[PDB]
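Missing here is one protein chain; the remaining ones are kept as they sit in the complex.
A, B and C are the chain letters, set down in written order, and residue numbers restart from 1 in every chain.
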Amino acid sequence: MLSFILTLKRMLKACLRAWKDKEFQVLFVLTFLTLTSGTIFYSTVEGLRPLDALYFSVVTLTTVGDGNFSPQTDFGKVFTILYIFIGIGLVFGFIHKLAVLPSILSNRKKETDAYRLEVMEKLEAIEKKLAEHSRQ
Amino acid sequence: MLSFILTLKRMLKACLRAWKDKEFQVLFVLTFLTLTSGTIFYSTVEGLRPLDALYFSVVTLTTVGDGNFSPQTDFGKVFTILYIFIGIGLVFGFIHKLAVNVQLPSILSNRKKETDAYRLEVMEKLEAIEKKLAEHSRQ
Amino acid sequence: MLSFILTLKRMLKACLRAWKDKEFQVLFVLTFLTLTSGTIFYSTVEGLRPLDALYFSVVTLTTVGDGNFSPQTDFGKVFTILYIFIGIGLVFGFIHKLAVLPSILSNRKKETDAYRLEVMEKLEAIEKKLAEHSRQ
Partner (left out) sequence: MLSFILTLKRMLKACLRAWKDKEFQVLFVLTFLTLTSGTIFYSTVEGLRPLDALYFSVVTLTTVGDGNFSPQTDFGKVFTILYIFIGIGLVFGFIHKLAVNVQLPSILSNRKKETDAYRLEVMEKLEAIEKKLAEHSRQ
């Protein structure tokens, strides 16, 4: 149970580590801009409360879906279709980003070079010495 | 602001590069096809206003859903059952394409480029030293 | 456009390459067993046509959702809840499997060994010869 708490503590730091990745934040910014963007629309087009809007906008981007309201106006169906698409666009972005070791490979390189350098320089001297010896 | 301004470019370029990927285009097409191919079926067999049939098609694929209309005809239900499977299929493929963070082919063979060099080099010196030692260990 | 056709041809082979992975097929088998499993249930419990069943079963596992019917009986809500969970269980399985190079690393090993072996054996002879020489 100390286990539970200690783990959760690490995980929560990992989010914050991501939450300072520029790209992740662009996505969050885009999500929110798109979120209030829809609120602006369904509010002041499809005629709906500035909270009944946010509810449809969220229920739709996340693909849950309201069991009652849908776009009435044919204009409000066009938007919803293309909106939904920005949804997918976004959820694609995250899945890509949530699926990225690059640093472990840097150390391997930092050590393999230092090694391979010495291997070379050792071999070099050996050859240079076996040369000067097998003459004089 | 140093970052929010710039990264966007790189970000939009990053997925712009992904359009140039062919496998993505096929998935994006099979999408557009299945989608307008659905608008055809729902505008006729289930018989809905062109634009409305598109709406239902989108919503259904993206599993968003609609709290009002559902199929009536048994052909309209069997079709839908198969139509969601296609969406499953598509998204599976999309996920596969997106979940593999493969900038690693070019790294692991760009390693091998520099590696294979070193290997012939080391081996050459190993063979030289063996040949000169051989000759001196007789004379 | 020959491009289009030629690519699609490769992709479609890739599915078939997967469709002979044992694990993938277990998932498909499980999906289908679960699919008719629900059909059996909503048909002969919640009282629904043996096609109106398959439609609710599919619309629910895939998370679309019917806009009209939902489980009436409190028993049919219990199942649906836990069913939904087998859904997630499954869609987790696939995402894991759709996200797996193992063979490229085998060749690297097959070559690195043959190399490293020779490097060793070369170095070995050199030492053995420099030994017998610096005596007699």
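One rule holds in what follows: a residue touches a chain if its C-beta (ideal position, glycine included) is under 8 Å from a C-beta of that chain, and two chains touch if they have at least 3 such contacts.
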**OP:** Specify the residue from the set A:30, A:54, A:78 or A:86 that touches the hidden chain.
**Re:** A:54
**OP:** Mind listing the chain A residues that contact the chain we can't see here?
**Re:** 3-4, 7-8, 11, 51-52, 54-55, 58-59, 62-68, 94-95, 98-99, 101, 104, 108, 115, 118-119, 122-123, 125-126, 129-130, 132-133
Subject >> Missing-partner contacts on chain B, residue numbers >> reply: 63, 65, 67, 99
Original post:
For chain C, which residues touch the unseen chain?
Top reply: 22-23, 25-26, 29, 60, 63, 65-71, 74, 77-78, 80-81, 84-85, 87-88, 92-93, 95-96, 99-100, 105, 116, 119-120, 123-124, 126-127, 130-131, 133-134
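Here is the rule we use: only the chains that are shown with their structure count from here on.
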Original post:
Whole-Å distance, chain B centre to chain C centre, using C-alpha means?
Top reply: 16
Original post:
Whole-Å distance, chain A centre to chain C centre, using C-alpha means?
Top reply: 22
Original post:
Tell me, which residues of chain C touch at least two other chains?
Top reply: 63, 65, 67, 99
